[PDB]
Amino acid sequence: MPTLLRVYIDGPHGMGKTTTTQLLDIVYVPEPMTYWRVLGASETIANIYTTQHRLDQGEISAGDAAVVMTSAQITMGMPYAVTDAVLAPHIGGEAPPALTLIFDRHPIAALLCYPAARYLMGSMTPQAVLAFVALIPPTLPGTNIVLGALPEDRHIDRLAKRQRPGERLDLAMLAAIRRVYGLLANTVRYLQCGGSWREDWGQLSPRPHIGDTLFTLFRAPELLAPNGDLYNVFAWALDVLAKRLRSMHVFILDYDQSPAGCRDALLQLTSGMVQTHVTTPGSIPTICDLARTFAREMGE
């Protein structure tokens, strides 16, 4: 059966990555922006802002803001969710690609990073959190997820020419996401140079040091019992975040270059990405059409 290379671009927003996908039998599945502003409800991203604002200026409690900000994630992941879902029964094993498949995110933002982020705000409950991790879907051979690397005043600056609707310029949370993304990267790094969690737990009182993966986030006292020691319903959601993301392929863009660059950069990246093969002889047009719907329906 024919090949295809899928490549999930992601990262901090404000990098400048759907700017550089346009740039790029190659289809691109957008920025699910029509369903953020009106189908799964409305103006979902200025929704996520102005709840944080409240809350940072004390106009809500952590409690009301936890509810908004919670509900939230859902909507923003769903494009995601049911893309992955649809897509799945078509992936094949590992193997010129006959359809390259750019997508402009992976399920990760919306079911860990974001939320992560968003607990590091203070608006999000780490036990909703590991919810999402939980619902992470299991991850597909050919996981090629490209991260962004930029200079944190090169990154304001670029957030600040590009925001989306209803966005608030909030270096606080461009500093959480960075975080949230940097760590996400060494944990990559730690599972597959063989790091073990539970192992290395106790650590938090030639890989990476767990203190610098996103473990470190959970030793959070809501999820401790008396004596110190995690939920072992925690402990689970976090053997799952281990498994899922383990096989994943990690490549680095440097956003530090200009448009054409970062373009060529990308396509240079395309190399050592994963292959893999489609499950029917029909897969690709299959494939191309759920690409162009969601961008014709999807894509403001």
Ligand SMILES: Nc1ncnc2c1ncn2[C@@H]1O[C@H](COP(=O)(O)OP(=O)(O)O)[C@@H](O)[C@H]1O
Given for the second form:
Protein chains: 2
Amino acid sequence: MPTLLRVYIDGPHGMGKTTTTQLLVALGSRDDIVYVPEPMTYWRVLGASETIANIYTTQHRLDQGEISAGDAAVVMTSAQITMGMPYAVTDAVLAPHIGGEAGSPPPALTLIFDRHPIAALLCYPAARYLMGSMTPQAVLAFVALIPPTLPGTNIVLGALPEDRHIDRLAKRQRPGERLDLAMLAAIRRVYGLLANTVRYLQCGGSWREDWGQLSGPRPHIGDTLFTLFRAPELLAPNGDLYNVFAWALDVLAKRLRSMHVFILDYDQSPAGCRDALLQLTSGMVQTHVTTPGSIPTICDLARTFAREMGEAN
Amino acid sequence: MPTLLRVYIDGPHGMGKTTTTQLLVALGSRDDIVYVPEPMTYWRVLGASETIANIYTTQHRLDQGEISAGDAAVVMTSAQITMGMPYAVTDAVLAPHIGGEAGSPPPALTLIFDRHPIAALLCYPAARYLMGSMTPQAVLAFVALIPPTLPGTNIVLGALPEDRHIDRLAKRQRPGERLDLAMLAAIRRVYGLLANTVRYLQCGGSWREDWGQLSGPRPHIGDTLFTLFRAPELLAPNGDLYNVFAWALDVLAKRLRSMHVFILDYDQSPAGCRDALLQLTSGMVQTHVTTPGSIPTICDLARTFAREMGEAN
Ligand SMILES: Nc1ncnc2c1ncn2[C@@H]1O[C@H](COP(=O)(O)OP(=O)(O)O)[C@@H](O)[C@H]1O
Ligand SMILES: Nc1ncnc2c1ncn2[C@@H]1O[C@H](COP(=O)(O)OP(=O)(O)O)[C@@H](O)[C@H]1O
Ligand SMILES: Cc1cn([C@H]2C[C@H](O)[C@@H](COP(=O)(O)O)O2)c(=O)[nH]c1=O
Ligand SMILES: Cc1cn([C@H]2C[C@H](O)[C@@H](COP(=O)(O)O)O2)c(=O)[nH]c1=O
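We have the form deposited without the named molecule; now please give the form solved in complex with the named molecule.
Let us now look at the entire complex, which starts with that chain.
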């Protein structure tokens, strides 16, 4: 019974995630470790034209009063569907090979993913909602479509002080990307709330039970993603969420509950980050594969994906 | 071990689906049968404003050259996400209660759904793609997000001659809906291809194996939904689909393979249709529930959904 190890490096953009993972896989540790990069090519060419630029341009026009929140929201929703498509399809074809968790024993193969489907289906949409370019109903429409959490989903979020983050973000300016410190703050808050949510849920938290507290290491409901959904549009006349929206939140809980989040401190040398990531890896949960041919298949998928959609390695 | 029976009435709009199901449940056959209506209220108010009107207006403007395919596509994608949200969240909270299939023995509860998630996540998006208001990349982004097919998914599609269909469609004109015989033809073709796809796959069809035939009761690849994806935008320089798109098609197959489709002939009296549906029901696959409290819960969900989102019964 060979084991597989999957690690998802996520968190706000411009933090050193791409740099640190490339160093991690740069150790040339044979085939037992494959890195899956961001589908930059899908975003810029295959899925639609310059989607990242479309996003930043759209937020800007909205900020300058050149378009309405309505038009911003519609373009943003469509852009986010394009951003997460390759993440969703990969997770979807990978599901049939993931078996139960096998504790924490060298894994036959290790996959280092650059971001998890939730970045495009939950984290960015939620952040844009805070920026006024997305509606709460849309964010929840994405939440309701988050694929079931597979066993062994180890997500590595990041930690870096705002000032040191801004500096890094200022250096790395992607194609069609515009510096937006507001968006940066919004995304930083969303990811923090996410981490608090996993914790909150794992400590026996039940959002339905704590909801009233909102009205007015132990996170409370007010420090979780659930706060973002006290929006007036979602509240029924009796001051309670419409059931459709309540169910979506139920699904959100079901999805985040079974994830293993790890916090990597990016406030150090790139090599140092690589080491800490490598170290952190030892404590991550592994899983068994459903077929003997699964390992080779999974390795091929990852290689193909990287080759066809990676802007580079 | 109590069994549950789930029936999804789907197919092109304006065929008598709403009429026939209401008659079916109008028999007052106690609690053993609950009807889940279309979330008309979510579409018109809760999710966004007059979404159906938004769709028909948008296609029209595009047909009159008042907007570009690009702008049509963006609004349409966003509208479809709103259309299917309540379908997706319901299926998502219902999943934890559905156990394995129990043959074809009176079911403790029967659920008659008005449409299946695939109508909003696959069928309409594909039809709009044919109408020029949606891109193939977007349709596949929806395909990749279709939730895993639960056991006991009995889908009842419809059969009605075009002329008799048009007449019915001409009578029933929903709020903000515009008569579009082109859209009608496109949706009729999509649903037909769908039925052929389930059949094709169940007879041991493998799209990857038959793909080349496209280049140039036993359906061939050319009579299935796979034909719609020979779009130039999806084809790589070597004349083959980009892997991302090929995988999406893989997921499409995995999803449709395990569905039980039944064809109901609407070319008859409403009572007659009700009888035929009722009759057809006897041969549908049932399933076991995962907990004893599942039946009551499932019954409550359905009742709540209908009450909160049904424009009426
Ligand atoms: N340990 C580090 N210290 C300082 N800057 C770093 C460090 N690691 C990466 N960077 C960088 O900061 C910028 C953003 O890094 P990158 O890895 O590309 O971001 P992202 O988190 O978005 O994947 C790059 O210019 C890169 O030089
Ligand atoms: N058996 C039938 N014969 C003729 N017309 C019918 C029949 N059943 C329903 N209709 C109708 O045709 C129109 C559309 O029916 P409806 O059930 O509302 O459509 P849908 O398929 O979209 O749910 C309605 O005006 C209704 O009267
Ligand atoms: C995943 C994702 C990234 N982005 C943006 C953030 C960055 O500006 C850009 C690339 O992110 P990165 O710096 O982490 O590689 O893509 C979105 O706008 N939406 C998304 O869903
Ligand atoms: C489910 C669905 C319906 N529709 C339209 C078809 C009809 O005009 C209208 C209601 O459909 P109905 O007649 O079947 O009840 O909604 C979409 O445009 N997209 C969808 O995803």
